[PDB]
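Presented as structure tokens, the chain that follows is alone, the form deposited without the ligand.
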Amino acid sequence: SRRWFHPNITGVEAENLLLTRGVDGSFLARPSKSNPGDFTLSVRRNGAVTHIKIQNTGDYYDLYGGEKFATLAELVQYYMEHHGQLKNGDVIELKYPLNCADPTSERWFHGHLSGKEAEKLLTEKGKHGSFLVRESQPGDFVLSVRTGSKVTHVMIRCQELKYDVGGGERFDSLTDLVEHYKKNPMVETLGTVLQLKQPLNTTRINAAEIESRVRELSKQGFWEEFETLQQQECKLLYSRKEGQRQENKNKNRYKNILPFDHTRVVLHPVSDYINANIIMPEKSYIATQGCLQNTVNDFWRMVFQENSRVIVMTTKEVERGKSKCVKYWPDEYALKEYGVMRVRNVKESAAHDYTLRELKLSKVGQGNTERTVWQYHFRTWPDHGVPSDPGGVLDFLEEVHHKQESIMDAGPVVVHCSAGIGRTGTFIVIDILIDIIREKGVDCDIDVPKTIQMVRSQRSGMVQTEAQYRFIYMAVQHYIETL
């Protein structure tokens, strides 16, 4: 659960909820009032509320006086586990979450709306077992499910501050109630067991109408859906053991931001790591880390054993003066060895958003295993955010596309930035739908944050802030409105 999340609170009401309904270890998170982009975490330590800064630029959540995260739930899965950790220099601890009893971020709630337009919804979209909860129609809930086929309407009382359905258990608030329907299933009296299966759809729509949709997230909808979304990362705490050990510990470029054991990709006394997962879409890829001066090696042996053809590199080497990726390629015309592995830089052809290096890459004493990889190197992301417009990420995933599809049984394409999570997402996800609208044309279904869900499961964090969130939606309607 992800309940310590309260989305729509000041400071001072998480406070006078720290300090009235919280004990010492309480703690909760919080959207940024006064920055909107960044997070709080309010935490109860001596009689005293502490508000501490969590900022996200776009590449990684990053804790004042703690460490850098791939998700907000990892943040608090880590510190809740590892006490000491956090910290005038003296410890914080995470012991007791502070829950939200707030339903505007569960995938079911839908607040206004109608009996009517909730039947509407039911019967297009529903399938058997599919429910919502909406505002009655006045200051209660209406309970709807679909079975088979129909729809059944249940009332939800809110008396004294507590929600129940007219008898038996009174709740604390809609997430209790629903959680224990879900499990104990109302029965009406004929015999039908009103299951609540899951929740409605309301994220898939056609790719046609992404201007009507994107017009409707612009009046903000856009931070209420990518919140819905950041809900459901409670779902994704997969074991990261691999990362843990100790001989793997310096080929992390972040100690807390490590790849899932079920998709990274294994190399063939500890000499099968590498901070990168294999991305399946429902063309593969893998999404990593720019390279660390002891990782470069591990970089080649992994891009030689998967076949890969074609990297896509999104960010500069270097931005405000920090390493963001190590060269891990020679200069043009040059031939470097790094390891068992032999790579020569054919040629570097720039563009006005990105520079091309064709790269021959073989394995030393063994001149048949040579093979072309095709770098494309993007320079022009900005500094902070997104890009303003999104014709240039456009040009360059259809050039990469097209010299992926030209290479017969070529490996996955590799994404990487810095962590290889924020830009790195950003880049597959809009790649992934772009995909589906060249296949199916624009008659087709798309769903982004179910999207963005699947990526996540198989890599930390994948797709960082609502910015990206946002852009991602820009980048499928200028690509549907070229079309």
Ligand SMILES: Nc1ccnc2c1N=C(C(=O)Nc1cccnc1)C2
Contents of the next structure:
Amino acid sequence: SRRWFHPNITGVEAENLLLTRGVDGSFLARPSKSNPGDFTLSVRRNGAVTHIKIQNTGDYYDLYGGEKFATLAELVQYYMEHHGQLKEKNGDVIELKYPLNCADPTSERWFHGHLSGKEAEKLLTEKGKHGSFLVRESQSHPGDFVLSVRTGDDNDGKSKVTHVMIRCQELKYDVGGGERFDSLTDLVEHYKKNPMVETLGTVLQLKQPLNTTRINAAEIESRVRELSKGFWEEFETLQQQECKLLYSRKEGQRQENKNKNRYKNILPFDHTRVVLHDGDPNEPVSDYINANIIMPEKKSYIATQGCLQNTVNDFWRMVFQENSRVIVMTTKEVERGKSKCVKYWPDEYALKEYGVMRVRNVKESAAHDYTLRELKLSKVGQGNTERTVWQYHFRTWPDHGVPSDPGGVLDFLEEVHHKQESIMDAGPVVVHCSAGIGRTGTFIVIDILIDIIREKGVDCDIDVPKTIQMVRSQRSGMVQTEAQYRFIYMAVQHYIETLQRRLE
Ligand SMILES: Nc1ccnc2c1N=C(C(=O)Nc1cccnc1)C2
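Alright, leaving the form deposited without the ligand aside, put up the form solved in complex with the ligand.
Whole complex next, starting from this chain.
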């Protein structure tokens, strides 16, 4: 199932759904629209419904009486495979067996709701390609829908748009004959696999949804104005796409690696993890760190967690191996009395060994939002391996939520960018917070977006959710909250405007 999340259901509607359409073991997840970052896992157990709270303030999903997760899709996958592990306050096991699917099409990229045939034709003509499609409400026939699909070659009649009426009869959907579907999703998925064929032979291939999120960067202020009503719905549509990203994380799951993870279920994807070479021959598994390469698709990044006492040496092995010259830390060492990252650097003017690596803290420079530490890193016994590593430690990020103004973050990122650009052949920029997905993902996505604008100027295309999805395919849960999502838009808006004012 990819439809266990119900975006627009109340608690009462969720109970009644589970009691009338589910059985024991049935479950769904849903947001709170009144509360930032609050979610509920509603589960049927012994003919009654229990509601389990999941909180996210920006670092991870924290399931009450369970574990911490990078995404709700990863949470659901974990518990569907690990019975006995989800427990009530009194210790009673809550079983997740039967996802209860949602018919609401608003989480789907192809759903445009209120939209005329003329508007759909103009959007498909201007932005669409062969096989671009969308579903919209009927204006002629209230309660029905229309599927609109561009087919063609790459305006000379070589391409066209076809509209296919979708009747809704007794809460089922059909295209005039054949199967009646329980939701628009089931209908679209069926006709994605078994495309409709016209009388004269055109195959109405449903290849990709119409893109609605790519904007010109100089239009950012008007997109932000529209989304400030709109952000909630755009974020939901992005979040649905996390169900495509359940990539393997087998290395992080090995016994030998379990205690190298800050959180046991927040793990790097095997396909993009940083593999550590040249390890201690006496250490059976020496290749593992909870870190992934993030390559935008000109810098690359390593996204990683805050060090644990037993991973400081591995952190420095990573930095040295990848030739990283800039570290971005976006947590204090301690927040709300809890350790978010061990101090992995020496005191100012001090020299420390961290296994085979030696680090000197040459000088610290305090700015209003950050401290810069000029570090010198070398392998013990090999003096000519010394290189400067500049650690940019952002210190004023709030304990929960996001900054109210993106100015401090943008000034910090500009400085980080310029430092990186000044070092010939520097490796990826290391970015870390606590779990290395929320703040870390936010800083990385802002940096990627501003980088496009920095090179191409104010008149270039950007697509915030497409960029986030691309980063999320390389490390689980990059960008955690709707507040961080809005902050990314705000930061990009503020960056654009500061370029425009320089020209005045
Ligand atoms: N539709 C989904 C399928 C899978 N996983 C999630 C989904 N939606 C999520 C989510 O966090 N939604 C959300 C919306 C608006 C604001 N904040 C969160 C998470």
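Numbering follows the first chain given and starts at 1. In this text, rigid core is short for the largest set of C-alphas that superpose within 1.5 Å between two forms.
J.: Taking the rigid core as reference, does the Cα of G65 move 2 Å or more between the two forms?
T.: Stays below the 2 Å threshold, so no.
J.: Note yes or no: does the Cα of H51 move by 2 Å or more between the two forms after the core is superposed?
T.: It does not, since the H51 C-alpha is displaced less than 2 Å between the two forms after the core fit.
J.: With the core lined up, does the C-alpha of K33 move 2 Å or more between the two forms?
T.: Yes, because once the rigid core is superposed, the C-alpha of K33 moves 2 Å or more between the two forms.
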